[PDB]
Amino acid sequence: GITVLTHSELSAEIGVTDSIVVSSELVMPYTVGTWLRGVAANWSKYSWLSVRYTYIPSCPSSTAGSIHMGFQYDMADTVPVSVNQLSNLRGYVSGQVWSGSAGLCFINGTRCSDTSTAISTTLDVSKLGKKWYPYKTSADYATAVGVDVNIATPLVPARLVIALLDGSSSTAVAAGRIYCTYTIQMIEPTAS
Amino acid sequence: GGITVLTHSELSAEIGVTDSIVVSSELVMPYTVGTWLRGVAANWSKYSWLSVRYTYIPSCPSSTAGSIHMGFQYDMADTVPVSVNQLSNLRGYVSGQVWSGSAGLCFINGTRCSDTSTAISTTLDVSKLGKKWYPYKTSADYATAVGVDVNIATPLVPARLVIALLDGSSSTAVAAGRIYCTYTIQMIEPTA
Amino acid sequence: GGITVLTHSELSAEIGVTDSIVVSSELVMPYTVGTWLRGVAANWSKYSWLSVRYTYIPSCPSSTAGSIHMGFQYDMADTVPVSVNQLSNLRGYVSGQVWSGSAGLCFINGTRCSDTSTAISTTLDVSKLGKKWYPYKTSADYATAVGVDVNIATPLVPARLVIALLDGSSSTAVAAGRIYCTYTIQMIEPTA
Amino acid sequence: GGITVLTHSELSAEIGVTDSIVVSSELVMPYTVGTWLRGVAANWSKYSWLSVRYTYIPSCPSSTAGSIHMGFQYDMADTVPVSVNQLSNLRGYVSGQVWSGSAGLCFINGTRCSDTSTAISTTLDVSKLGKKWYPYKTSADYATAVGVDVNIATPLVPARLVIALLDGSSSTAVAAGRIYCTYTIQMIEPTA
Amino acid sequence: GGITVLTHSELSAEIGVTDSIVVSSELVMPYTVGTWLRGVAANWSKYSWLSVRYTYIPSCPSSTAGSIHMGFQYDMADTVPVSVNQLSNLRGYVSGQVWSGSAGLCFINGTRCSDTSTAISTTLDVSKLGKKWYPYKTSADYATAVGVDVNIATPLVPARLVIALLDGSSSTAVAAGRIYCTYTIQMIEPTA
Amino acid sequence: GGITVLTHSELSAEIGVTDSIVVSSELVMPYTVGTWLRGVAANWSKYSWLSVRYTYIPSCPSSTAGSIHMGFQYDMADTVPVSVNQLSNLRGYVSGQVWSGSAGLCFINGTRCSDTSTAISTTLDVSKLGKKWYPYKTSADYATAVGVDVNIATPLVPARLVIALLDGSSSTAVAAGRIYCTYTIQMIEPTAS
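Protein chains in written order, with full-length UniProt numbering: chain A, 73 to 264; chain B, 72 to 263; chain C, 72 to 263; chain D, 72 to 263; chain E, 72 to 263; chain F, 72 to 264.
Just so you know, not all the hints are guaranteed correct.
Stated by the list, open to error - Derived pair list, reagent style EDC-like, types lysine to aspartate or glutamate, alpha-carbon separation capped at 20 Å:
hint, chain 1, residue 1, chain 2, residue 2
1, F, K203, A, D196
2, C, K202, E, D196
3, F, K202, B, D196
Stated by the list, open to error - Short, incomplete list of chain B residues facing chain E, as computed with Cβ under 10 Å:
hint, residue
4, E81
5, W107
6, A113
7, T215
8, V219
9, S242
10, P261
None of these hints come from the bench; they were simulated from the model. For each residue, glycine too, the CB sits at the ideal point set by N, CA and C.
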């Protein structure tokens, strides 16, 4: 009954200022990329076999700024406010806003070799609360958080946390992009 | 160990057919599969489905107009389907004339099954349930849970059985058949 | 040594359907399974069932409304069922259209059984009886015993077959089918 | 690799019979096989059929007059059959009563198949198709293409299902049954 | 198979000691061993004891005067013993100070048993019971049966537990301890 | 891996006995098991019980009247037991004189256990839990969940330990013993402040 899918797609566009800005993304089909959102909507349940977020730069080597990424696995956790907090998360990675080219081989599934510089991070699928998660939307998450933030824990596997700081401007400078490379097991079709 | 393993078949539903579609459902949990199991499994806090099978057996003339449809939904938030087409997409979907289904009898009395291609019988994906050990809950417990949020109910009930009947010759329900449930349940952790 | 073993099939019951439920029963003992065995087995004092199977054979048109239900009770004090729901819980419960059951014929003449999924046929738990050697007793002996105490009768009769017929179209019984008994009996200790 | 392999069954056609021959057809391509798959495969550019099976399931009384016939055309330029005689020569031609075919159900839920000699079910010669990777096209794409040249359409649709209904007792269509499609499709090269 | 096998421990009797001998008893049958098993086993018609152990666990100071005595009778017609002398001859006879007996605890939670020599714990000779499959009976059923003839009861209950308390220092009952029942029961032949 | 494994014993409850049944309970989750683990496990977002044991060790004279009873509830919605009869049915039910239990000590310092039949000690069914990885939750977060719906708590807490004391000689609490908890916990995925 399992339809297995592997794909890479644009997941976020990224900019840096001279002050820390913390953003986040739900690690679930609805919010991982527009393409997967449409596809997985045809199923009621899924399971992450693999989730990877990779930052690819698009700026000069001369751009001031850095990007930081990590995972939270409990929705009730407050989003970090400092790089110091963030550095403790599983899969914390960090790099100059112009590093990360070396992550490119993950996205198109090529022979990965000199990936020491890759600003890439992967989900501990092995340690999620459960295996089969329901496909839920942002709307479903939001309302759920209103009743209890913990009702959300059985709906979403993790949250991706992102920080950008060390930039030279108060204004967003075009920095890079975050892509997601995932292998998803999609099961139990639905006509809604 | 503490696991009391039970295998049993009992009456689960009475079925009648009309000239327009009538869609019913049953939560796939001890309280609602059959009156006997309801009383037995109440003496424990938790259960685990090792096997659950719903079988339609006819009681009508071969000249009876009508068909029966059954399938499973595994997300309590799913709307119960409104057309056979929707229904046709569900896991374990089966369909037949309301006067068909006799060969499903061998499942019910646990005998050697051979010619079961005509059986209007379907089985629960125990392998794909959210967790293994579910709480014994009542219909009251479920209604209350969804009264707050439908997604609260998902860790409470493993699945729901969907039934649609249509294609009948009368606007008044004609007696068609019965659905039996044949289950193998693990019961653990008693209560007084 | 001293055991005479007999295997035989004979008519055990004639069956008709009404539109309202009728529950009948038969003691599973030589005296009441069939007239031939009654006379034969009376020549010995005690007996033991090695195998007992009751099989329904239809004799009605495919357009006949009605269904038949059969199951065993193994305690003479057990109250006879009043609903299908109840009956469905007994060991060896079987159920089908009043015009189904043809596939059971092969059990009666002891030939190679293949497609028996459709068979409205059921068998006694020889391994689960009170004792092995039962006294040959009459309905008269039984009637008397339960008159004194119903529990006195239990070591006298190995089981009772319960039958319900309903879902018919008439207020007057329509000829539906017949129940045959296929048994293997051990007869010991002759008597004059 | 890039291949998402998907296996599914869904409603493809509802079927009614009259007393004069009525011939219809269906393109064997994701867009026209079923509404669910139509939406799903739309997220990919090209596909390959590994298996497509069309199964008719009855929903009528056994006393229903009428018969259904199915076959495949593999050249889009072939003119639609007009008689049972023509239709009978097609690859995978099948034929039966409009109330027969229950035995095909095991194909639809993918269960253990035993007695399927009576199944009104037929399958595509995937091995003999014009090419392997076909483009996702709509009814619109097919329609316009044949407007320029019908031969342009052959690389666009892998095959056509031909359906005939006749032998009925009424001049008004009687509800007879349904055709389900069970397919295994290889989908490649995502598009936004 | 049809056998639902159950193992459980539960409270069966609360025990008090006086300065004169007080002889009580308990029927070793599902209804009277404990309130939990009573409810549970009621759902089946017959049972079999695989193992029954009665274990006294103390709750009084080490300075509490008194002794406890337990043994089994296997014939309902036996008069209940009147002196410790008689009681000492019964199968499974055990005896100890009313504040002794803690080491029996490992039997109750089914853990690794080591130093159990001081355990005031005793077990039923299941191999020597009259029969294997016993009917679930009430205290009421027993009462009426001996009302007719005491020996009618013998095939109804497998054995009797006999208890004597004496050597206490008070004329009024002192809280001494509790008797727990630890059983493995085979339950067969469901009933509604 | 990311798994920090810890094996430890600490005081979990002080126990006193009266002449009337007094039923108390404890959440089997790091925060409420002991003062030490609470602070330690808080540095992780999630945990897993590999083993949990509650052992009652006595501190009273051999002449102290009273008995203690312990068992597990694994469903948060279950009403707490009110009688020894009910409690006796629970998984891992143990029972004894309030002055018995000396033999459980070996479980606590992890030494060679021998004659432990008299031990008033009981263990969690880790295999039978709803899930494996539970979030670290506080009492407050727990209380809040049941205010909305008690069933929300079940994915938050793996189990509850139920405790009964009765059969005493005083109407006011007499010092009887202490309950220690011996656990092996898997702690994963740190969190800061």
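Structure-based check of each hint:
| no. | hint | verdict |
| --- | --- | --- |
| 1 | F:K203 / A:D196 | holds (14 Å) |
| 2 | C:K202 / E:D196 | holds (19 Å) |
| 3 | F:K202 / B:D196 | holds (19 Å) |
| 4 | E81 | holds (8 Å) |
| 5 | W107 | holds (5 Å) |
| 6 | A113 | holds (9 Å) |
| 7 | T215 | violated (25 Å) |
| 8 | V219 | violated (31 Å) |
| 9 | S242 | violated (34 Å) |
| 10 | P261 | holds (6 Å) |
Against the hints set out earlier in the document, violations occur for numbers 7, 8, 9.
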